[PDB]
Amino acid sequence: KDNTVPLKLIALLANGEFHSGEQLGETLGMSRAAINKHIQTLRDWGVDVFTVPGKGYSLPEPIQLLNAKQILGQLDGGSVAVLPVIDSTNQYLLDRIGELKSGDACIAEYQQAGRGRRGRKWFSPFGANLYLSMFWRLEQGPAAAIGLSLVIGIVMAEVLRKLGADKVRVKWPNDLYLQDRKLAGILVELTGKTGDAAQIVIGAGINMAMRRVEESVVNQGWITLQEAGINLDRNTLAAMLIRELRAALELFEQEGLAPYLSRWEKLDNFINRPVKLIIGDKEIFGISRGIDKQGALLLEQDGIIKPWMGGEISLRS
């Protein structure tokens, strides 16, 4: 229920070097046994820590802790809150909706209640991945939310394809895949009034340096950038994402989906494959062929191609 010690601890180990319990316990003022209890809390947070007789405690690889002012300096205005431990970055912005401005972001080292759609859970181990959320004020209201979801998918895919990710594709209308496994989850939440503006919170959970996953939280099948072959400074990659999304949406307000229609066709990881759609709880099946101009997924269930505006797509086993 109290996080200061384990945080101070991860700050120490964060350099990838050995710290003996004797030294840690000295720096921190507690018994060696107590220093191990905190080491144990870090392990619960998803931090991987080992011990080596003589040397001490270590991280398999260094961690580059997020630095607000560091990411801020690579930006054009905008505000960025960097949080050690949060319930959900999305929740964090939703709660601050009235003081926010478009493109404001919030990013955390660790989520204790990271979430997805349909009440699902999003595995968020400390410091291994990017847990980033950005706020946006869509002047053209809720009707524009889906197209917005599509722009985000296309943009993040682009930023990562330019860094080594070849087979990184998008999922209609949220999430990134690669070699056919959730590489990143995107959760767009919103409050609006039809005929007025929509307040939007975009949440992205990008799998980067993660090594092991908890089978009963992630049954699905996952993948990481680290397994793609890339090691991005989270601080660097957050910069590039906020920069690009802020510009891509500024542009989508001005031109709609139009400039993104073709880009979606190349990136759809599901264009032309046996899929399945879920509406509430009533199952429905078929095949797919891109989207239309208003961003609706095009579903051919037996010869005829009808467009659906909602639901969750997925390959069928």
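We call the rigid core the largest set of C-alpha positions that still match within 1.5 Å between the two forms. Positions refer to the first chain, counted from 1. What changes on going to the form deposited in another entry:
Relative to the superposed core, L257 undergoes a Cα shift smaller than 2 Å between the two forms. In a rigid-core overlay of the protein, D292 has its C-alpha displaced by under 2 Å between the two forms.
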The other form holds:
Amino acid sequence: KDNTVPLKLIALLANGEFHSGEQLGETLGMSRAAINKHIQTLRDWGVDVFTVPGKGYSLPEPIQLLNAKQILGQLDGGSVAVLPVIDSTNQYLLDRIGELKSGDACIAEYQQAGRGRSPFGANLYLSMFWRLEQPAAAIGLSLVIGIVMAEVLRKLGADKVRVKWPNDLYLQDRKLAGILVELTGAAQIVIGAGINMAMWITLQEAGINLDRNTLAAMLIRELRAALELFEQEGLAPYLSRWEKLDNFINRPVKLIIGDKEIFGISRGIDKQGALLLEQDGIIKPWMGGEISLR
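For comparison with the form deposited in one PDB entry, kindly provide the form deposited in another entry.
FYI, this one's just the chain on its own, none of its partners or other molecules.
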């Protein structure tokens, strides 16, 4: 589907100023009526577009937009698809499985059909593909994903970001991002993450205003590095990193595996990513479940 116009559209409105269809139509080369039409779409996307008869149209606040140019600008190789508007980042790659290479990617700020459980540009969506030579992963994998993501965020300045075994990023004990892995029966995986940029906790909301093009870029970079590191040394190289980032480490949690709630103190992960729950002076690992403050 061709979504160009509204994007071009959104692009003008970007500068959080006022814009009249007359104004607009000029530049776009179309009926104000045409414009009204597209304006509606942005609206459909959850875009915030105000309309003052006398005034014209505008956005409540300037916004930043993905820009492949910028993104690919700071990137050395690998295919990367920038689709501000899309069904789902994961699906997109899932769909192209035979045409990819580990590292190929896809970036969006709007998902019209996200997999795994949100207004345009309020979030950042990233998905990557990787072919693991040897399920020499899974749980390892998700771990590495949150490490890095949390690392990068930090570099750009969000220092209190933390990881939550085994797949979310946390900020002030709130969820900020979410990883999603998908295997395909050499393993073929599709990694996908969503971050809360703006508006249960958002970068904005926490005074952090990162340049999305940058973030986008860093992650891709950093990710491919991480993944190749992992591909040949597994978890080991990250053990210490996990620990420093662990949000719950040493805190009292409540683990929910299927139908049972289990309480205990978190003591991080083992060399395999299993969480280590200490109950009644005993420490044992857990390979699954859902962690939670308590």
